[PDB]
Amino acid sequence: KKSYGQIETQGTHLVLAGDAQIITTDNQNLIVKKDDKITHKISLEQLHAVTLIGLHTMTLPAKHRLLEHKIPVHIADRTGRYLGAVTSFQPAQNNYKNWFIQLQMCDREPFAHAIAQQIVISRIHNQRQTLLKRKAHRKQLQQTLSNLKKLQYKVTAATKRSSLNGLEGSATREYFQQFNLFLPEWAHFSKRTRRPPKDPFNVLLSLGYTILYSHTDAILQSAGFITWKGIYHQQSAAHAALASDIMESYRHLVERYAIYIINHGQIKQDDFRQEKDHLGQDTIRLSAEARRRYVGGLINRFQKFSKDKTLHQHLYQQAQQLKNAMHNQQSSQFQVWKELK
Amino acid sequence: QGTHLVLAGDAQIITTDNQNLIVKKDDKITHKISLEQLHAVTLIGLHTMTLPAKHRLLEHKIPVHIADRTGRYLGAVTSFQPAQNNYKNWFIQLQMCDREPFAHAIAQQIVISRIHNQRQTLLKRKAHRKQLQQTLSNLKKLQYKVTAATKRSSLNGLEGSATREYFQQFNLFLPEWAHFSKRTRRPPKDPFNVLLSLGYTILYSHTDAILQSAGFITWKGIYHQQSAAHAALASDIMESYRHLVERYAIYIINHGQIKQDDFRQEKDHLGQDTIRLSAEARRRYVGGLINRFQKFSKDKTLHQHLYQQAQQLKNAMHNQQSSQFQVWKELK
Amino acid sequence: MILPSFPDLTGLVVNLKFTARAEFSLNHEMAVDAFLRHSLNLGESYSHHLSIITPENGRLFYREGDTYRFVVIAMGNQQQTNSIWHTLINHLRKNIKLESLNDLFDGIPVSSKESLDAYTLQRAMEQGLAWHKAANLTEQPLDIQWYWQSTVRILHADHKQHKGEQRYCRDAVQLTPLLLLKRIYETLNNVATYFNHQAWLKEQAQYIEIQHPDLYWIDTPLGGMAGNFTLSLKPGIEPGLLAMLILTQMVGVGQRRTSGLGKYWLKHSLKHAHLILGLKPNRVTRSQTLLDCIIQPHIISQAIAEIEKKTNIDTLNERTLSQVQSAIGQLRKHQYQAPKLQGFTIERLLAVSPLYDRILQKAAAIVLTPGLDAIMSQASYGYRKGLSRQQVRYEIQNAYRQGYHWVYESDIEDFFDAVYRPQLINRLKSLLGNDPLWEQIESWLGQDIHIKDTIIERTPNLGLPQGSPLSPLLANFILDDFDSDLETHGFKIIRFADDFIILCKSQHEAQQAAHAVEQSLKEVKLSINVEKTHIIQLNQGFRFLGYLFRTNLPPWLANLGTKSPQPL
Amino acid sequence: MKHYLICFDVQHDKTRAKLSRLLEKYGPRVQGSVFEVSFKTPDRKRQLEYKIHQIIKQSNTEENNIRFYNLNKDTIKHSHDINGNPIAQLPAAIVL
Amino acid sequence: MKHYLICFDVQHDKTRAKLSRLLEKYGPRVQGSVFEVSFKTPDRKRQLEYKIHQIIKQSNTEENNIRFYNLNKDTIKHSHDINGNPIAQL
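Residue numbers (the authors' numbering), protein chains in the order written: chain E, 641 to 981; chain D, 650 to 981; chain C, 1 to 94, 111 to 211, 222 to 247, 258 to 382, 389 to 592, 617 to 634; chain B, 1 to 96; chain A, 1 to 90.
Some hints here could point you the wrong way.
What the hints assert, rightly or not - Partner residues aside, some chain D positions facing chain C, computed with beta carbon under 8 Å:
#1 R832
#2 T833
#3 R834
#4 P836
#5 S846
#6 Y849
#7 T850
#8 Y853
#9 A878
#10 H879
#11 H918
#12 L919
#13 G920
#14 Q921
Hints were generated in silico from the structure; no laboratory data involved.
Note that the Cβ used here is the ideal one computed from N, Cα and C, for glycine as well.
Input sequences plus hints: build the corresponding full structure.
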């Protein structure tokens, strides 16, 4: 039960990335038993969310208790791809005010276009910056950077929300094609394979993105939002659109940690387990101990955000800034993160 | 679409064969539905669900709607696509529950259906018809006036008069000890009001859960007052189906499954005198009433029927036409 | 054998007219006693032979045209006191007029007064033994209620220790059944001896019990104790004890019975076979009852003038005046039937009666106010108008020392939902005497509200309706009876200057009562809208009666919990 | 949310037992007769206070030495025992 | 300037008697085994803990069941009794 810092304003964010836990309830407490051995007895007054990566159980009265207290729970599988969530659709104190405001404002075209343009420009700037701190490969990485600049040079001139998806897709493609230069030969890849992750490197990304998504989703739902409706991500596949919309700027913390883990010898190809699942498909996953090490390291790097503020205490700030942008009907109040020049 | 499977019985067990969903009760297979013809699941109470079943459902984008034992709606195991339906139709409901031509058309149809069904209930006795010819003609006369009343208070008065004229006659049916005369009291002093109260509460709770599952906001009503302490839409749509409770109560008292022994006279903590139903009798009655809910029709059970009705009303609001929503009338 | 001899009691009922504006005190035995002493001038022997019953008590301000009735009781054999009394009383014309005189036992008028009827001891034994025969099941509690004539003076165990004014009984705990029977035997033996094994036997044969006492202390500007208690009878009692009870109903018990103090009456359990023994309840009764005083025209005009300020009249007034006059005719006919309440919006929704019945209630309040005010001034549970400021601050600081650290805003409204009516009616029946108005009072207080074809009732024998004129007067009249129910829950009330203040240790039971009331009202609204209920019986929560349409804790706890307290 | 520690001293041998049996659910029995509890909405604190009052009425001696000492974030940060071990500390994210 | 709360449960009565008598002077005995202590400079805290070590060595029990909590200026503000009385106000 390796804890990872001091509790926040809203509570503690339980994670179950282990091996075959069985959550049960007390009507007052949440008890995690592995093979009739009690591992934790957390109180329901301190719990904030819970993530279930693997083959973990949850008894139905526990679902009743977590659905009464409006505590989110997110689910995934051992490969790391996302599955779904157990959320409720009644508001905080039955006040449907903020939800109605959000559902009105998200489909207004100029406002949503301005915020989607901000998010895309932030993402492309962050990608250019992350490709800019590898000195030894600068000669190999000049032209690509210039091309990303050109793509950024067009994002300001995009006048319809339908073009942003294509521009961001091209940027991500030309970005991910360059990781073959840093990574070892056994972890090479050319395409981000999302739904069935079928590469050694892609499992790392698809297992970090769900932790990041669960954090931002729990923060957003505690703010007062309804995460299912998004600004820039119209059509999504099992990800809540708004959480998967905000975490666009913060998803180089998962594409740098993965490079650091692979290069510096913490995770090597002896950890991956390969199987055929449910019909026969080549699926690569992590054993339980490597999953625990990876998730613990990721949460530790989340805590050591830029000093005086952890990532939770930055995402709550940005959620408040977005809410104030939407209530006052001004798109200029919300400012994307835009990692330093 | 497909089958919208509802489990409201007592402790079924759900399992998957990786290409089907199998619901067993005491190891007797009660349901076996292919995953391509399944559209949703509704779990009212405590029903154990094996983990491969839950993963297979979540992978196929099939929401699982979880509700309490009484019938309160809590939430749902979903993903993006099945949870877009829970909010993509909130604004249009608030628009179309206030526009008076639409709302008054639907509130005319509901009362028409209620008076029709409570005529049909007396038609089926066939043993005291001669004493009830006058009452049936009176109910027809009251029903024909609903087609013209262009205000809500007129509808309220007509329905109240019809209900009084319908309950004035049950003393011919019930036995000697169960004869009741005065209108219903909030603390009951007669058995028949107790039985009706349990039935009305059960039907209201289940109607509320099934309405919420379809994507509705149940406090915005079309014919009743938007208020707290109750859901307007649930107590609104449940009027057409109220005859089931009354028919079942008459059946139970007449056929002797409940006698005078089962009622208990007592005083509550508040001190007010009450008569209530004993725990064994209450469990027996609730089980029998849920059985009658399950025996609604050969094709559909009542919960699937209410889901289909909610989908019809959703389409009627969406296309603005106020007569695409045809109400249940118990046509023979 | 208990009394081997006794004098032959005899009586006269005198009814006399008033020709002048006269005002009495609250107890009338002093003035009538002085009247007979300045009239007859018998000296010492008047103490030995005569006694006074005054049925009228608690009516202060009399008027011209109003009568007066009282009873004189004489003892002895071949007395001529009644003869000279007749001869002197016939010419008593002014001030005081004369209407009539009636013999107490036969009931015939005073004429043909050669010999009057003799309440012989054997007749007392008969009227006790036949009562025992017609009332014995040997498995019955045989409760009979005991009402005082506003004063009695007895000694608790004849204590010499306390040595002063404290030597008398002034509360329920000093009432001992053996003490009462011993005092009764003392008075009867004194009267017999003026003209032992036995005192031992009456010590063994005490089976009686004192139940639900309400007795208190009244200090006449003297001293006495007044109230009622349920005397309960166990089956082993013999008729001999009953004979003593019935004879002492007329002779009296206590110190100084010559001034008329120390008499009582007892009203047996209802549905008995009609057996009236000794003194008849319809003879010793106020000559002009309270209801006639209600229907007197000038009081009704006064009430009309009083109520019209917040009348919110909307209809024609000549019909209102015809209605009140017709209702006056009905009340005189003893056939009136009160209207049921109606719920009107003001914002808040308030349930009031039609205005003419409100006028009749205000008239009854105007009549009842002076006697109740005088009895609250002269009693232990008395408001203190002139508060000693140092003493009042000392009481507050002493209560703070007790632990009562929180205070509440004082409003009598919060105590309208907790009043138990039969205790109130019993207290009034003890003070003003038996009267036909009291039934009418209940019919004004226990009505049902109509709101939108819904009948909101109330729990039987509980509560006082808000928005009525009799309620604020009769609520603080019997407020002290809540003290024990405030003591168990850690509440105290301090009275000063026709006001009080509420002191409490903690604020948790108040909030639990408020939360219970709110939940109950939410369930009642749900069962209005769902199960189509039509008769709703509420015990508490009438202040939020508008909410329905737009363990047990006492009902005043909720009304306190709706407020937010303050520290000292 | 608010963190409290409840410390009580009651002499009735059965009433102390009933408070001990009640307060163990909401928080750990950290000391012999000192518990730590946490709440998110003050009505939940009020419910616990009412339960405590209901239990202590059976004493019939009116004991009132039950104290709710608050605990902040920095207050917890500065707290320690003699050994120097930080105490009353809570985790931010358990990676079970 | 720091406020502290001192609490313990040592098993043997005579061993903890010296604990109690040592701790009477530093702060009032607010409850059966609970003390409210005010400090100006941490050296007094260090010497008090040194003496507590002395007596727990005397007891030969190795009791670590001595617990010190802080009491800030606003932590006091929400602190109270069951009857609502504010406590530990200076």
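Please name the hints from earlier in the document that this structure breaks, with their numbers sorted from lowest to highest. none
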